[PDB]
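One chain is shown next in C-alpha cells, namely the form deposited without the ligand.
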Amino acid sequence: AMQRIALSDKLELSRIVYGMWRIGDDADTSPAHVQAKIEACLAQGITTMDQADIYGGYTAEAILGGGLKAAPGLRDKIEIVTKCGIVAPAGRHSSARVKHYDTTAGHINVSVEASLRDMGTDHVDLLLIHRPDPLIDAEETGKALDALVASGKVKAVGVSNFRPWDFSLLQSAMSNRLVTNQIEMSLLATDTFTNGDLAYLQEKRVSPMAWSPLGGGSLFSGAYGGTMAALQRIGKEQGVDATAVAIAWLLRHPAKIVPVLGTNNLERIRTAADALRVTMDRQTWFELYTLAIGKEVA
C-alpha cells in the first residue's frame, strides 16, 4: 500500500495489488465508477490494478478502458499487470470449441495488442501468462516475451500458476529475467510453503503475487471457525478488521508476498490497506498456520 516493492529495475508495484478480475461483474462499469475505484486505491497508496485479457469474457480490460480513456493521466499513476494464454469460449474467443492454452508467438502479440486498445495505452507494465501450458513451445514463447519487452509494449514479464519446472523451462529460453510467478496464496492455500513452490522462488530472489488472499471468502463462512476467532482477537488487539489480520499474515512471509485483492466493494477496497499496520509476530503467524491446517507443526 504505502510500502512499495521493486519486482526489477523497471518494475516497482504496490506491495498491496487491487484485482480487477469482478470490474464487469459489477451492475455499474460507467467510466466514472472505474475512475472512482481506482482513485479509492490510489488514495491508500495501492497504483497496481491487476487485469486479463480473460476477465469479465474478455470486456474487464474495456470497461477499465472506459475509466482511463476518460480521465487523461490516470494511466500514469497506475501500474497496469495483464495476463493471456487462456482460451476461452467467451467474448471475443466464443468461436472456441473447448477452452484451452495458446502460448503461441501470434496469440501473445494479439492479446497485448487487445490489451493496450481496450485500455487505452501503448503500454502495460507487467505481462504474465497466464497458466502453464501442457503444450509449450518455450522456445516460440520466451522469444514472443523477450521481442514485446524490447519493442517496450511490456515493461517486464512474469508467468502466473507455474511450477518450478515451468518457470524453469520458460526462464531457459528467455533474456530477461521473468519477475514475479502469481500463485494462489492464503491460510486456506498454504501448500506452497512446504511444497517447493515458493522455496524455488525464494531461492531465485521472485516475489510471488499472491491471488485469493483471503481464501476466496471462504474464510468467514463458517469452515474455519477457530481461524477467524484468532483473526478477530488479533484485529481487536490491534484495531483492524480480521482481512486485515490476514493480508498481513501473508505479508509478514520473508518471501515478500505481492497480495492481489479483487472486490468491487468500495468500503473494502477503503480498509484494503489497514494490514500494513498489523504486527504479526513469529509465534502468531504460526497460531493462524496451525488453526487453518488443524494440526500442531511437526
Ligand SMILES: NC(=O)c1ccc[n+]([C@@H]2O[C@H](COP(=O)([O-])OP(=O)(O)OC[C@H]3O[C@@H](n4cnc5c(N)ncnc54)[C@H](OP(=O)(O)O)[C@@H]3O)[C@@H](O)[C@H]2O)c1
Contents of the next structure:
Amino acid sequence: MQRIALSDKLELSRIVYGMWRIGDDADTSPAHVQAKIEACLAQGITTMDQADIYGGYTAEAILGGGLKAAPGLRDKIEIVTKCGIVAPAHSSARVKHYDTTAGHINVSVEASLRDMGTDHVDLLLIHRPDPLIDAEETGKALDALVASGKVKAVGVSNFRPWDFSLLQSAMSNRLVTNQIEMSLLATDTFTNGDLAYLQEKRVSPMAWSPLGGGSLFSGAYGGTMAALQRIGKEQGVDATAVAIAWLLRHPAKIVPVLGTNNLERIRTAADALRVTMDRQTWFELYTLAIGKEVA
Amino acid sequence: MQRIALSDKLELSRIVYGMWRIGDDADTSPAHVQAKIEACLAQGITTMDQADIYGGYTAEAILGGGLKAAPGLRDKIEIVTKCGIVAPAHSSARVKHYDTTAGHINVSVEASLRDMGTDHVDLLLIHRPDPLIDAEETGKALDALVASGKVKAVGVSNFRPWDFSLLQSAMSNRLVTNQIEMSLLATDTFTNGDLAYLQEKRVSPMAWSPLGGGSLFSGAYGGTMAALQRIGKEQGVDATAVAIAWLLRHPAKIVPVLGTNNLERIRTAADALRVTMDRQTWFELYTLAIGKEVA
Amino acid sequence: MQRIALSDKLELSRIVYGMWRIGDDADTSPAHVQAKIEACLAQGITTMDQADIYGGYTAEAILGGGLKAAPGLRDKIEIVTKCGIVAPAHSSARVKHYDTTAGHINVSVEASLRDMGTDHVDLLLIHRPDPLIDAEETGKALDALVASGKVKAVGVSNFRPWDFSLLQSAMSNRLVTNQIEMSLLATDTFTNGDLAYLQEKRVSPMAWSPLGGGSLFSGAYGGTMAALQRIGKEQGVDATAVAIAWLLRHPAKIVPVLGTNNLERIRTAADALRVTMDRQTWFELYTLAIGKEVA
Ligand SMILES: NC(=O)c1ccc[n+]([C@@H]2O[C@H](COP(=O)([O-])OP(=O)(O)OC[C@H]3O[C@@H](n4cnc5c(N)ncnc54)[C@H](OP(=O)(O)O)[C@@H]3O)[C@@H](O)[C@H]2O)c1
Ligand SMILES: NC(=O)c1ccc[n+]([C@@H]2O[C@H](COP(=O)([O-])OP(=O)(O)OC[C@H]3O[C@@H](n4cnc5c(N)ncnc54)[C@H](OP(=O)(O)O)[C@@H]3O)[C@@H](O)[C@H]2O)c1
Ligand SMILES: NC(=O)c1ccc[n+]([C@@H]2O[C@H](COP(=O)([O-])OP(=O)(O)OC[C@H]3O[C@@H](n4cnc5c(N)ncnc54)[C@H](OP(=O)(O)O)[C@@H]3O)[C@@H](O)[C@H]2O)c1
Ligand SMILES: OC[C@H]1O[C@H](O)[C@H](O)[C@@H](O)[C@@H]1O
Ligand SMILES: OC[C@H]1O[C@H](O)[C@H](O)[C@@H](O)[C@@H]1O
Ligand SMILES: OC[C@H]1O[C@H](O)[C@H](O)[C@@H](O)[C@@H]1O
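With the form deposited without the ligand in hand, show me what the form solved in complex with the ligand looks like.
Shown next: the complete complex, the earlier chain at its head.
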C-alpha cells in the first residue's frame, strides 16, 4: 500500500475505508468492527473515515466499541472525522442546518473523542460549505484544535474553490484536503475547475462514493460496466478494482474512500493498486462516463 | 443605527434608503422628498441610493428639489450615485448600451452634482458590468474622480467576481462595495461564489431589492411569508423587519437598500436591527427560500 | 496591417489566416497553397494557424508542399501549430483522447517541423484542456521546447481560466495566448469570466471561427446579417469585414483567425481594419447576437 503525506503531521493510506454505512450493518458488535479494521490493515489500508452525524450520531460510538475492546488498535489507524451538519434525529433540531461555530466544532470533537475512546483524531473536516460561515470564527477554532493536539490536521468537504479560498484566508494551518464526490458516475470536477483548483494548490482530494454508493452496479451503467469487466478479466481483478484504479490514475493524487461493509470486498480493496491504467484506457472509461467523445 | 465604514473616506448607515422609485411617487414635491429623508434620519438612516438613469433621468433632479430647498440637509446624508447605463428615453440612444468611457463617467457625475445641488457625491458605482469595458480607461477615470474630491469613494454594481477583479487590477483606489441583488427571493450569491469572493476581500455588499421589489408580498411566497409573520409576531415587528434581519445576520456585513416610498414603512425601516436572528432561524428561512433541505 | 507583440519572441499579424480547411480545398497543390499565402502577405497577414491533426494529419504536409517549393516563403510567415488531440484516422487510436505527455508533444513538434520543412514554429498551443493533464510534465516539456529554439512561444486553446492557471503555475515561460471560439454567434466569453481573466492578465485571445465557420451566412441569423450588411454598405465593405471589426473593437486585443479557402475573400480579409465600430454599434450587434436588451 502507497502512503500519502497530506502534511508533516498527517499521512494516510492511498485507499481509505469509509464508515458512513457501519451502522447499516445489522452487526455493530466490537468483534465485527475489529474484523473490518483488521481486514483493511492486512492490505495496508490504515485510514478510517467517520463523521459526527453518521449512523444517526451512532457510527463513531460503534467504531468506539471496536477500539475500546482492542488495546493498541486505535494506534494502528488514522481517524478522519467531520463536523458542521446538524441533522434532525423533542430535543432534535427543528430543521437540518449547518453549524460552523467554534462552540459546535469544539462540542462535536469532544463527543468524537469520547465515543471513539481516544485523545486525538488525525483529520477533522468541515462537512459541507456553510452559506452562513464566519470564516474568521471557524478558522480560529480549527487552528486552536490543531494547536491543542486534539486534531493533527484540518480540511474541508464538498467545498467549492471559493469556499476553500475563503476559509483558508482566515487560517494559519493549511487545509490538507477537500473530500468531494468523484467516480465514473460523478465526473464534473475533472472539467469544472473544482479539481484544477486543488491540483494547482498541490492538495489531494479525497473521493467519496467512488463506486457511486453501489449505483455503478445497478444495471443503469451497462456500457461502463462492460468495459470495467473486460479490463478486470485482462488484468485478473474485479470491475471495482478498475473503477478505483481510474481515480488513482489521475495526476492530482486522488485518495478514494471505499464504503463496502462486505468482508470479502474489503479483502480485495487494494487490488486497485495492481491495475495498469494507461492514458487511452482512462479516456475509454471517461468517454463512457460522459456519454460522448471528448471535444 | 449601526454605521459601517467602507473606507477611511466613507461611512454609511447599515440600512440604506433607495430612490429608484422616487419618481414613481405621484408627489415629487420638495417637501415630500424632505419628509422621506427626515423620516430616514429620525432612525439614523443617512445613506440615499441614486443613479443617473433613475426616473428616466429625473430622480436625481427630484432629490435635488428637496435638497436645494433645505439648507444643511445634504450635509446630513451620504449620496450614492451610479453611471454606465445609457437608456433610450429624437436625440435618445438608438439601443440600450453601457458606456464606461472616461468622458461619459465625467459627464454623468457633473450632471449628478448639478441636479442634486452639491459639489460631491459620497459613492459612485459602475452600474452594470460592461462587456466592452476598457478597465485601464475606466479605472484611471474613477481614480481621477476620487483625487478631484468630487467622489469620496468608488465601487461597482452587479459585477461578477472576475469583473470586480479586472477593474480593481487597473485602479489605485480600492473598490469599496459591490451592489448586488440579495433577498429571500434571490439567494444564488450565498453559494455560487459571488458573496464568498467579497467576504474573502472584506468588502461589504450592498443588497438591492431586499424585499424582491415587493414580490415577497405577492402571494407567490406563502411559506416564506408564513414564517416571517410568525417570527415578526414573536418579536413585535413586521415581516419586512424579519426579511431584512435575515440579510443583516450574514457575517459578510450586507448593507440592505430599502425601496419603499410609503412614509409609514420608512418609519419602521430600522425595526430590522431589533430582530434576534439565530443560526437555526436563518436556515429555516433559507430552506423555505431554496425550496429544499440543505445538502 | 497592425502587428501584435505576444512576447519579446513572437509578433503576429492582428488578423491571422487559418488552415483547418486547407485539405477541404480539392486543390492542395504547392502553387495553390502559395497563392493563398501570397494573397495574405499582400495585405500584411503573415500568421498561419495550423495543427497536427488538421486534414486527418495531412494539413501541415499540404502547407509543407507550398513552403518546400518556395525558398524564403517560410521566413515571411509566422506558423502557429497545436498538439494534444489524438484522433482515430488498424494502427489508429481506438478512442479520441488527449495526450499532453512530454513524449507526445515532442513527437508532434518533430513531425510538424518535418512536414512543414522548417527547423522552428513560432507558436505551439495545447489544443484542448486535458482532464488527465500532469501540469508539471506538460509545463516542463513546453519550457524545454522554447529553450531548444524549436518553438518561439507557447500558449493554449479552449482552456478555461482554471486550466490556464494550472498549466501556467508549472511553467517558467509565460503562456502568450488562449485560442478560443469568439464571434457574433459565440458571445459567452464576454460575460462568463473567460475573456475577463485574459484581459486582466494582458493576454490577447486568438478567436477561432469568427464567422461561425460560415454559420453566420446560413440564413439562421437574419437580424445580425441585416445589421452587418447595412453597416458594410455605409462604410464600403462587406458583412464579413464588419463581423471581424466587431471582434477587433474589444479592448482585450482579440486576434481573429479567418478560415476561408476562397482567394477573393482572402483578398478583402484586411477590410475589417477599415471599419469604424463605435460603442453604440458594438452594442447594437451584441444585442442582436444575445437576442435581448443588455440588463
Ligand atoms: N464527505 C461527504 O459528504 C461524504 C458523502 C458520502 C460518503 N462519504 C464517505 O465516503 C465513503 C464511501 O462512500 P460510499 O459508502 O458511497 O462508498 P462506495 O464504495 O461508492 O459504495 C459503497 C456501497 O456500494 C456497495 N457495493 C460495493 N461493491 C459492490 C458490488 N460489487 N456490487 C454491488 N454493490 C456494491 C456497498 O454494499 P456492500 O456493503 O454490500 O458491499 C455499499 O452499499 C463513506 O463511507 C464515507 O466515509 C463522505
Ligand atoms: N444596482 C442595481 O442594479 C439596482 C437594481 C434595483 C434597485 N437598486 C437599488 O435598490 C433599492 C431597493 O430596491 P427596491 O426598490 O426593489 O426595494 P424593495 O425594498 O425590495 O422593494 C420596494 C418595493 O416593495 C414595495 N413594498 C414594500 N413593503 C411592502 C409591503 N409590506 N407590502 C407590499 N409592497 C411592499 C414598495 O412599495 P411602497 O412604496 O408602496 O411601500 C416598493 O414598490 C432601489 O431603490 C435602488 O436604490 C439598485
Ligand atoms: N483551436 C481550436 O480548437 C480551433 C477550432 C476551430 C478552428 N480553429 C482555427 O480557426 C480558424 C478559423 O475557423 P473557421 O475555419 O471556422 O473560420 P470562419 O472564418 O469562421 O469560417 C470559414 C468558413 O466560412 C466560409 N465562409 C466565409 N465567408 C463566407 C461567406 N461570405 N459566405 C459563406 N460562407 C463563407 C468559408 O468557406 P469558403 O472557403 O468557401 O470561403 C469556410 O467554410 C481555422 O482555420 C483554424 O485555424 C481552431
Ligand atoms: O481546431 C479545430 C478542431 O479540430 C478537431 O475537430 C478537434 O477535435 C477539435 O477539438 C478542434 O477544436
Ligand atoms: O457524508 C455523508 C452524507 O451524510 C449526510 O447524508 C449529510 O447530509 C450529507 O450532506 C453527507 O454528504
Ligand atoms: O438600478 C435599477 C435598474 O435600473 C434600470 O432598470 C437598469 O437597466 C437596470 O440594469 C438596473 O439594475
